Structure formats: structure tokens, C-alpha cells
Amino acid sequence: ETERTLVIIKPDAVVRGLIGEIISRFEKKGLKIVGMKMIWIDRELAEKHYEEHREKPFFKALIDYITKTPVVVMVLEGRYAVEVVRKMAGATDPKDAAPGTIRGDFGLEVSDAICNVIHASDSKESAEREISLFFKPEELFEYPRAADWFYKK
């Protein structure tokens, strides 16, 4: 049931100094960070990540947003991590996100793009594609978190 999903702490979150708070939510949930790095995505890489939206009118503004400042890309590993992280993220537009979720607690204001604090892979297929896009195998690790032994099935 263990899966890996990709999260991007977007420019709005980095600029607002929310990197730590976001990471803590994943850590306290029990999710494991197996890869992470601060990078500054250029347009070419951004367009590859959002390739499915290439033909849509909001594409340009989305690329402008994700490349505005450096971001933190990270890979989270855990039981049903893909759907669990999406749930933790909350509704796409922060105004609709429930209190308690990352977007619900930290997001609201928007620019030309719907700034929503973080990106979370929408499926296992997308996660695999996205993780391969941003990380090299040597940048992903297998190691124990403190309580891993407790769950030895």
C-alpha cells in the first residue's frame, strides 16, 4: 500500500515563509520525506510538468506562477500517500478548502493564477512521471523514520 507522491511547495509558500509549517504537517502525519531540494524551475521544465494544460488559456499564467521564485520539490512516501496528500492539501482553490487542510489554513489570495500553496500529484501515474521529471534516482532515499519498527507487519 506504500506509495510515493510529489509535492511542490510553490512560490507563494516560499515567499511567505511557510516551508517549515507545510513539511511539519507531512511529518506529523507519519509520511516520510525521501527526496527534497530547492530549485528554480525554468519555463521549459515548468511546461513539461504541466504538459497536460499546454493547450489551455490559463497555461501562460500558470507557468509564470510556478517559475516566479524558487520552490521546494519533495517526494513523500507512505501508506496510500498519493490520495492522502491530496486530502491534506484540500480544494484546488484555497477559498473552497476546508479549515484543517494546507490550502484551507494558508491559502486565499490569488494573482493571475490561482495561487494555492502546494502541488500534489493527482495519481500514482502522475506521481511517477513527476518524480522522474524533478529527481534522479540517486536523490531518492530509503531509510528509517523513528517509529517505522512499530508497524512491522
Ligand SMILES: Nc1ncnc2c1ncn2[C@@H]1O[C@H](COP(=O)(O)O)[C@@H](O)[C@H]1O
Given for the second form:
Protein chains: 6
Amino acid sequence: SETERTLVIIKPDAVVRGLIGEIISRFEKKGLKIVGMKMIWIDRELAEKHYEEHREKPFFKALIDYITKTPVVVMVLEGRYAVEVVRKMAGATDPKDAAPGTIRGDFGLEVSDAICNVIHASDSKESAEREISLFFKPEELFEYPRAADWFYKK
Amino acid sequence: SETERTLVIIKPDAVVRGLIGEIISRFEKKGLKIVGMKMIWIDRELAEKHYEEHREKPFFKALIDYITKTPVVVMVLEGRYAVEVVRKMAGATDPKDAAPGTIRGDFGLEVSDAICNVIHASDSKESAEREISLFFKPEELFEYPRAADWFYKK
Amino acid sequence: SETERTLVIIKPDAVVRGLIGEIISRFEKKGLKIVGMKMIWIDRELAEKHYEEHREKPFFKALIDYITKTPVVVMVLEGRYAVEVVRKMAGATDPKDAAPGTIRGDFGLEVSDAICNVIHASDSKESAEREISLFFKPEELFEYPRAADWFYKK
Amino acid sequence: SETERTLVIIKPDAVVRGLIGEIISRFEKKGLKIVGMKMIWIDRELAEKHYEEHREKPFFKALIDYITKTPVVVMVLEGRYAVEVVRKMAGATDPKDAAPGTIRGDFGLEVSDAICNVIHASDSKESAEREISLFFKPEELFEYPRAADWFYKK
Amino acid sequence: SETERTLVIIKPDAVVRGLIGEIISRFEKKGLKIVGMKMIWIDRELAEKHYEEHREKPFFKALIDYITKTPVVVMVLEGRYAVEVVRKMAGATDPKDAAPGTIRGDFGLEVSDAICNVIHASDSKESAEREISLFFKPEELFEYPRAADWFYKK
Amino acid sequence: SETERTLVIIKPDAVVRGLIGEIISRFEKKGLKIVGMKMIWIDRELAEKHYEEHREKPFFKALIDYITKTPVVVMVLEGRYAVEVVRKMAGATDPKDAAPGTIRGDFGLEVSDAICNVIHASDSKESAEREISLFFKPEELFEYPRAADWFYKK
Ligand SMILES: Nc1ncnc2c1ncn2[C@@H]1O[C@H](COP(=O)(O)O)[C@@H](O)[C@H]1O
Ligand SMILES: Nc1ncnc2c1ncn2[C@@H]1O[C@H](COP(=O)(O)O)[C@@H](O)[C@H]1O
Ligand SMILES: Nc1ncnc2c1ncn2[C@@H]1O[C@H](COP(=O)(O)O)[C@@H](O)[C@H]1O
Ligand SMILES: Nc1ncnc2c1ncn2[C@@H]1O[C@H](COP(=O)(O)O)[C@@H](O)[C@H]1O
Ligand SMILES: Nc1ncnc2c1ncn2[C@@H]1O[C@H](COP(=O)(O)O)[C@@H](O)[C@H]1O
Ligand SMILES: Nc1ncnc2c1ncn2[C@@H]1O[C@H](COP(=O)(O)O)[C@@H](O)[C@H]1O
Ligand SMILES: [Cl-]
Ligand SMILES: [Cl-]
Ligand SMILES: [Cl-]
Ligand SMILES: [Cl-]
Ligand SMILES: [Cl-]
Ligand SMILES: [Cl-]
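Just the form deposited without the named molecule so far, so send over the form solved in complex with the named molecule.
Let us now look at the entire complex, which starts with that chain.
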């Protein structure tokens, strides 16, 4: 199947700036389905598991400080090629390089000790599966119809 | 303190229509703070507890069918006189009577066996406290700063 | 049935100002269905038939000049109590008196010899039936499903 | 002259999802002029004439089923280099590959047996002339001033 | 003439929250013309002159502290019955009482020692003339055409 | 420091079309800070100083006629790598070539004797310093906190 699930984290900078709704709307308007979502305040150990691949990189600690600064909204988006699509929608890692039209391109720019970039998006299907399991239990993910689902029945 | 918390449920009709983000944005833009939020699928037992006061009213069964139709997003909003303010933003119970500019006035109209009206908003501080405790555990509610909080320091 | 059809004319001032899309979106977002629509350039004869009830009123000539100034978009909206709902969304006849949130309240203000007010909305089911028949042939009106129609199945 | 006319079809997926207004607004905001527009329900024979160049391609029938699934809105846009400009605004054929900011990039993703992609846009001046004639009679196209036309007088 | 000019001050809370553009857009969309505008940082002397009528009221000191907290944007709007129209668009003095759809109703809520309410709007033609002369020199106010001005030629 | 200041001119075509607010909002939403702004009607000599680098180019006079056609809004934006960022946000010089998502890509297209392109953005730090000094005195530029500034403290 082409339908995939990916993890998105609306980071502290977006939450603090009141951009939760605007970000979610971009995904809904694209046709992506929110199958799981919740506001949580990530603890350092959970944050380090999420970013375990960067544990030896210079920006690691600053990244942990940043992602755990305030509560965030973690959500699982489902849809055709969702992983690559959401990555495209997010834009370049550093918002200053992100193209206008992308989430980081339109909303991000300023940085702290960390490169604040509005949201996190799984980089691959493998990472998505791992990340989703880190933040969500199966009972927190749902299968339900969005309004236009019937239109695409093959 | 004038600051209070109220419960909002983004109902199945809003979730199915992809209006989660637009609704959240209206609250964020107003200055209200999201201190708790999660997508859940309410079962009949939980639904009947939430609407226990209407247990004997005619529209009860249809109301339970409606609120449990698909997952919903339950969220807690915090702010100055949040309870009455959110009710004002919501608009008339039946969307056809809701004024343009309100959530129900701009997004609602069509009904099923139930009067589908986009969101639920606690009708009082007493109801808010009861409803918040019904859907959220204390650890799921947070105290953190929104960008402009410092501006209002009294 | 509570479902009805009403006629809306996006007037010359709205067409010239590039507000066709924004007006249509307000109706779509409300849940109303566009069952007919076309851009036409009304001539004096057709205009006088549409406004036949004002044939003797003072503002008649200026009203005809206004509605025939440039092409307009005539459209038929279908929905629960569509006639009164659309009138409510339109706002006060003179835009200066229209409430913020309404179409006239948000988009209208300036006037010519005529009280330019962005759109026309049938004032009753009787007027709607007459107006729809004046601008549309039966084959130009359609019955089809909007995405969320299934949700409201009674 | 650099002024051209191109044909746009707001496809069934966009109509069903209630995106007619949002799409039209993008063209109006760009400065393009709507010189013709109407909601019609395309018949199979007309659809096959429109897509005659793909009659021998594997996806042909699915394309006909898709474009005739529900009514659509056909419109003619006029403006400087309108053909190439509207094509750029539409984005990649498959919405998953379309850049954020484009119509397909922001609104499309899910597919049926056909690659549902929100709108159709003439691919060349030659195709535009042919397509416009297929859906519109000369009496349905208009020459009138948009608000800012005077500003660009050379 | 029904045309008049009124003074609007986009207050510190709106500037700090990044709402300058959204506020200006509401006036532009209504059809009002910006004939003067500038970002300035009001000192106590200028602030007290502007609010001279409240010199003896209880909230005076806090009001001066508020309006001089950060730079503001002062602007002059011109249009049909602009004074009362802008007051209508602004909404109730205390944002919690302001109706959804109005500027204060959609953007304001939280308060400091002062009733932060997003913008200031002249309360009468007499006040407008005084306020405009206080903040602007004649050479900073312009007479020019907005795109659709020609449409309203009487 | 990475923080820079750049000059933006909302050109006559944007002012006439009522796009001042929408343009400003894009900068505010990106996180850029407006440290100076005012509506002025540029005189030919000032315009020629601003565009002194093009004095010998064929389109020079038409450019002067265009930039001095009606009042404009000049503003100084401050932020991380502001010069290159604002240039990216503006898009290609000729709006027809500008990517959807950029200011010129979304709002520009039509041209007069001059290539009307909505806004001007300094092309380099050197040009920015020179251009800012041409339109602003030091007393017209301010240092103040935007809501989220504290979040990025390093
Ligand atoms: N230099 C950096 N500073 C702060 N965070 C970073 C930096 N580089 C990468 N990150 C974080 O790691 C994520 C993935 O980066 P990458 O795997 O290189 O695409 C980025 O989206 C940020 O969340
Ligand atoms: N008359 C009614 N008919 C159907 N549903 C209703 C009615 N009144 C209230 N409800 C439902 O119960 C909710 C709360 O009503 P209330 O107790 O008046 O605040 C409404 O938002 C609807 O979801
Ligand atoms: N007093 C008036 N002055 C000028 N035009 C009017 C007036 N009343 C109504 N109209 C025009 O006639 C339309 C329908 O009016 P009504 O019959 O009151 O629904 C209004 O939307 C205007 O286009
Ligand atoms: N694989 C496909 N499935 C469904 N429709 C397609 C497909 N390929 C092309 N189309 C349709 O044909 C149009 C033109 O495609 P093309 O000429 O290759 O740019 C597309 O915009 C669709 O409307
Ligand atoms: N009761 C009040 N408490 C605090 N501030 C007020 C009050 N009334 C008015 N103000 C401030 O003075 C401004 C003008 O008030 P007004 O004279 O009623 O038009 C209001 O917009 C507030 O900025
Ligand atoms: N052909 C042209 N016609 C009108 N204005 C132009 C033209 N070329 C350049 N300009 C103006 O000069 C600015 C800078 O152009 P450039 O330095 O080539 O990037 C453009 O953004 C316009 O403001
Ligand atoms: Cl990018
Ligand atoms: Cl209401
Ligand atoms: Cl009204
Ligand atoms: Cl693309
Ligand atoms: Cl109000
Ligand atoms: Cl570009």
C-alpha cells in the first residue's frame, strides 16, 4: 500500500508562538489524516531516545534543551506517501534556507543555541515506525473516515 | 483570579471535515492558552457521563451516537474569563442561529438526528471542572508560557 | 424538508475587486452546496425582471445601472434553511451597518449612486424560486454529493 | 500581446471538498481575470474530446470516470502569459510531487484509480485555444475592467 | 461629504504579538484607504496629550504606561463614515465583551494593569481631527487612488 | 552577529491593490521584526538615488515613474540573515517567473511600462545600509521586544 504514517512534533517554538492550529490546518488541507495527537511535555530521557541518532553530535544537548523547553504537540499523520510528503511540506532543516510555502519557510527563522525549526517530521518509514512507537500506544491511534475518503475508493 | 480553564471538544463533524486546525487557531489568536489536548475516541459510557445532565432529555440517544461517531479532540483552554469567552466564540447551540464570526456561525449548519454543532464548550466553571477531570488526568495539563505572557504582567 | 435553494449574485463591485473566491469560500465553509453557477453579463431587460418589485422605487434606475455595470456571478446555494441562513451571512443591506463577520460587514462600505453591497441574496423561498428560474435552466442545476454529506444521514 | 487566455477546470475532488473558492481566490490575488466561468457536469464524450491526446494511454478511462464523477467548474483566466503562469501555479501532475505553495502542492495528495490533482490547466496556447472552445461559446466570455487594470496602462 | 478620516493606533500589545498586518488588512478589505501611517514610539508627554480627557480618571497612569510600552503604528483611515465604521470594526472596549468578528473580539482578551485592547479608534469626527493633527503633519497625509475608486464614481 | 536589517518598499501596485497588510503579515509570521515603517510619497530625486545603480539602464525612467506613482510604505525588517531571507521571500524580479509561495509569485503578474513587482527588497547588506539611510533617520528606527524574543535567548 502507498498509505503510510509519519510522526510530527509541533515544537516548543511553534507552541509558544500560537501556531499549533495553522500547522495542523496545512496537513488537513493537504488531505492527510490525523490518526493520533496529544499535547505532552517531553522529558529529557524521552527526547534523547527520539534523537538517539544525534547523541554524539555537537548540537545534541541544545536540541534536548529545546525540545523539552515547553509542552509540544505530537501527532501521527496518515496518507499516501505521508513520510516523504510531510518532509517536503516541512522544508529545509534551517528555516532560513527553507522555501516560501513550506512550514519552516513561512514560519521559521530565529534560532537559540538550537536551530529552532517549528516542527519535526520523520525522515523515513523506518524512523517513522520507531518514533510513533516512542510517543504512542496502539490504543491512541485510530482508524476512521475523513469526509472525502469515499471519493478516492479504487 | 480572572483566569480560568474550560473544556472544548472538537466534535466528530469538525474532525471529519478537517477543521481541527482552524478551530484551534481561533483560540490561539484570541490569546487563549492550550494547557491540555488529545485525540480520543469516546465510548458510550464516557459520553453518557459527560452528558449525564441530559440523561432524560429526548435528544440523549442521538447525542451519544453523534459524539461517539468518530474520534474527537478534547482540549483545555486557559485564559481570562475563559469559560464565558469560549461560549461567546462558539455561538448559538444550533449553527443556523449562530452569528457570522462565531465558530458555529462560520462552520456549522447541517444536522443529522443530532444538532451537529462543531464543538462543545463548558457552560460554567462548575461544569468545566467536572468535564476536565472526566477527560484529563492532572499530569496531562500543563503550566507554561505563551510568547506574549510577559506583556500582561500586572 | 428543511433543505432549500437560494440565489446569490456576486455583484459587479465584488467581481471588479477580485472577491469572487473569498465569497464562495464562506458559503462552502458553512456547509452550503453550490448546485449551479455561472458568470454572465446581465442586460437591462434581465436586470429589470430580477428587480421588478422595485420598478417604481426611487433607486431603481441606479440599481439597474449598478447590477449591469460588469459581469456578475450568479449561483444557487442549497442547504438547511439556506434562504434565511444566506441572508444572515450577507448582513445589513447597507454595508456600513453590516456587522463585522458578515459578508457585507467585512467587504463592503463605499457606494456609488447605488448602495453597492457586494452580493444579492434571495429574501424568501418564493423570491428564490422566481430568481433561480430567471437565471438558470433546470439542466444547469445539479444534485451531487459534497464530501461530508454522508455524515448527516438521518 | 503578452495577454493570453487559458482554461482551468476545478475537478470533482476539489468541488466535493469545497475548495472552489480557495482556488479561485488564488487566481484573483495573482491578478488574473476570470473572463468566463460556469459549473457543468461533463459528459463522457465531452471529457474524451478534452483529453483526446491521451485516448490510447492506460489511465484514459480512469481519467474520464474521474472528471465526470461530479459537476466541475470550468473557467477561463486572462492575463500576462496566463498559460505558463497558471501551469506554474498548478504544480506537478502528481500532487505528492508538487511543491508547497502550488495548488496541487497545498491541496492534493490522495488518488483513486486516477491521479486526482485538484485542477486542470491548459498546457500550451494551442491547447488553451482548443479547450476554451470545447467548453465555452463566445457569448460566454467577457471583456471588462478589473479594479487595478488602469494602473498597468502602458 | 460622507467621506471622513479617523485615527487608529495599533497598540503595543498588537505590535508585540505581530498583528500589524492582520489589522491593516481588515481595513483594506473593508474598502478603507490608508492615507497616512508610521511606526513611532510615543513618549509620556505625547501620550498624555492624546488621552488628555482621561487625565483625572483612575486608569490614566496605567493607560500611559501601556501606550508607551513599545513602538506603535499610528495610521489615518479615510472612507465613507470612517469614524463610526472603524469603531464598529474595533468592537467593545474590553475585548472579553467584544463580538467575534470584530478586531478586539477576535484578537484581544488578556489584560495588564491596563485594559489591553489591540487598537485605538477615534470616538468622533472632532476627536479624529484633534488626534490626527497631534500625530501627523499635513505633508504626511496623502490623496491618491485605491484600485476600485473609479467604480464608485457618482 | 547574524541579525541584520534590510529595507522593504511596498510599491504603488501593492498599495493601490490593498495588499499592505497581507505583505506585512508574511514578514511578521516569519519572525522578522518591523523596526521602522512609514507611508511616504517618494519624489523623483529620492527615487533616482534609491535606484542610482540603474541610472543608465533602458528601464530606468519607467522605474522612477512607477515607484513614484502613488504613496508607498517603506519599512525596515530586522532578523537573522534578514537581507537574504527577505530576498528569498520576495521571489524572482519578474513576477511571472516567481515561485508560488513567494510574495511576487502569489501577488504579482501584470506589468506597465515597468515590471511591476509588488515590493522592493535590498539585494545585499551593503545596499541595505545605504537604502535604509536614504529613507530613515536614526530616530525613526527602534529597538524593542517582540513577543517571542525571550524564547531564542542563547
Ligand atoms: N545544527 C542544529 N542545531 C539544532 N538542531 C539541529 C541541528 N541540526 C539538526 N538538528 C535537529 O535534527 C533534526 C534532523 O536533522 P538532519 O537529520 O540533519 O536532517 C533537525 O530537524 C533538527 O530537529
Ligand atoms: N435542543 C437540543 N436539541 C439537540 N441537541 C441539543 C439541544 N440542546 C442541547 N443539545 C446538545 O447538548 C449540548 C449542550 O447543551 P446545553 O446544556 O444547552 O449547553 C449542545 O451543544 C448540543 O450538543
Ligand atoms: N434603500 C435602498 N437604497 C438603495 N438600494 C436599495 C435600497 N434598498 C434595497 N436596495 C437594493 O435592492 C436590494 C434588495 O433590497 P430588499 O428588497 O430590501 O431585500 C438591496 O440589496 C439593494 O441592492
Ligand atoms: N497517471 C495518471 N493518472 C490519472 N490521470 C493522469 C495521469 N497522468 C496524467 N493524467 C491526467 O492528464 C493530465 C496531463 O498530464 P501530462 O500531459 O502528462 O502533463 C494530468 O494533469 C491529469 O489530468
Ligand atoms: N474603564 C476603562 N478601564 C481601563 N481603560 C479604559 C477604560 N475605558 C477606556 N479605557 C481606555 O481608554 C480608551 C478610550 O476609551 P473611550 O473614551 O471610552 O473611547 C479605551 O480604548 C482604553 O484604552
Ligand atoms: N525590466 C525592468 N523593468 C522594470 N523594473 C525593473 C526591471 N528590471 C529591474 N527592475 C527594477 O530593479 C530591481 C532590481 O533588479 P535587479 O538588480 O536586476 O535584480 C527590480 O526588482 C525592479 O525593481
Ligand atoms: Cl525547502
Ligand atoms: Cl451566536
Ligand atoms: Cl448585519
Ligand atoms: Cl511543483
Ligand atoms: Cl463588540
Ligand atoms: Cl522565485
